[PDB]
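This report concerns only the one structure given below.
Missing here: one protein chain of the complex. Every other protein chain is in place.
Order of writing sets the chain letters: A, B and C. Residues in each chain are counted from 1.
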């Protein structure tokens, strides 16, 4: 149960062991009397057991110097973890086991055990299993995939011949955001996922020529005027003539509570974009 | 009607070519003012032949590759003027047909081998992905456009690395955009050729050798083979999968194996018997039965 | 049965018509059945072959103005079962096992192709496959030196004879390779 899950946190804590395997066999006693709990009890106990197995893999990463099997015992965790994540895939949970897989991507990533990232790419595929075809809600689509983009911002661990297919497949998954401001904000960060580039912002410009809310695409233009700063400075004409377009469009919109604050944005962005 | 000026221009297609290429281009434009200032569907009937003339004028510029010198720039002059007149055929209620003229404008880009036409063809690829995407919904014409573009992307060898890989996937949007699964999955199945046979210029004329994603598209082809809700075609897709399991394995694609063949051929000692007995399945049997002769086992 | 097959006329979209030696050698009335693969782009391109015979059948190419053409249609006269397709859905053009395995899908024996604008034909896996090329000399991306050639063929019983007339340059080069249907 839920209070049991907090006490599973106590079972993580008062019933850990510095030997990770003695913790693991009692994690298997936590599989015995407690991981044989049900479908909602194992919804309650197993992700902390996975968080235990996270920490057990981190205890194996704390056994990086005193143990030699700890990478394989991170993997002896990992497959057992993955099936325990799959034991929640069997337990009608796919949305939350994304995140544990997303952590299992990073648990493969941050530890770097043997064959970690292909299974994490399989976890990326498992993320693309557990995200890309079950979420029809656009908000739960967005905050998943943008965090997935946010983790793919942190997934530079993939080499440049393995980075691009998920880099397209998230941009594939960024297309499923049924509203274009959900798309383009992901798409703008998809342009940030490359590090060509600026055309994806012209795609985001084209996304901003597809939006229904006219100040919001100008807020997206503001975001474009935010986004035309970064990989520029890290494309040599657009800013002040579009600052002229904010001398243009921010007049020819609502002079509203957002947009006069966006005037107060723009005036203070005039304080910003006067880089002086 | 206005279709008089097909062969009438087609006669002048011959009767233009005897002159020098700019008096050709002059009396192109005077016929673009005598008769090609004819209307909106009249210019649909003369200007793509004038573009076909400009295609031959671009090929006269390639026939004046040693006669003239600025024939490359004269191509650049007329390719803008092509694209202009293709834009003047974009305004002629035509976006589906001027794809192909843009496609040939992309195919006659890379064929002459002169300057600047590739990004013009990429601008034409932008024009391809202008003139295709929003102007279509019929899944038959959606495919046959995009697979022709896929078929064009077989032969888009003039594209470099930064040009080939976005349009590797930019079509794979439109390949997957099709609301019917099979043709989309067949389009996806054609995209498996593009990861196998993607021609780029920085590899010294050779292809990209991108074999780390090809079988995965075949599992994606197997994935769309579970969304079709048409089982005799899905096993025909499985046959097409097996056809492509025939195809890639017998053409140096090292990622596929003999095991799934001798799985899927043995699947269809059941899955092909898992069909309603009619003109399809026993011919699909005699597909497989003679594919067993292709396997050197029958 | 003396039957004349053609393909890719491109009237008037790439090139005009047959050469003067060809319409000389292709007189009306001598043909029983006429098969056009695609790329006729007009209506008179069907009526020009309708002067030649009464059995003229065209499927849809890609440059076609007509939308009424079905894509595939199985036809049979005598002992031979043929299908007709233009060739633009062949991605790419020239695989050895593609035509051997597309044939057995519908259980035919003799295949006629097009859209590649290059003469190439041989025997493979108890079947004979034919690509005549471009009849009016239309351009392909793969072949720049376009040679137009027409092919008249004869079916009597389970054994075919062909007569390809290669107009390499301006002279008729007649070639012939036997085949017997199993």
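By definition in this document, contacts are C-beta pairs under 8 Å (C-beta built on N, C-alpha and C of every residue); 3 or more make two chains touch, one makes a residue touch a chain.
Visitor: In the full complex, which of A:48, A:165 or A:181 touches the chain missing from this view?
Guide: Answering carefully, the residue with contact to the hidden chain is A:48.
Visitor: Looking at A:154, A:196 or A:247, which residue reaches the missing chain?
Guide: Of these options, the touching residue for the absent chain is A:154.
Visitor: One chain is left out of this view; which of A:5, A:75 or A:183 touches it in the full complex?
Guide: A:5
Visitor: What residue numbers in subunit A mark contact with the hidden partner chain?
Guide: 5-6, 9, 13, 48, 51, 106, 110, 143, 146-147, 149-151, 153-154, 189, 192, 219, 222, 226, 229-230, 258, 261-262, 264-265, 267-269, 271-272
Just so it is clear, only the chains that are shown with their structure count from here on.
Visitor: Averaged over CA atoms, how far is the centre of subunit A from the centre of subunit B? Could you give it in whole Å?
Guide: 36
Visitor: Spell out, as numbers or ranges, the residues of subunit A touching 2 or more other chains.
Guide: none
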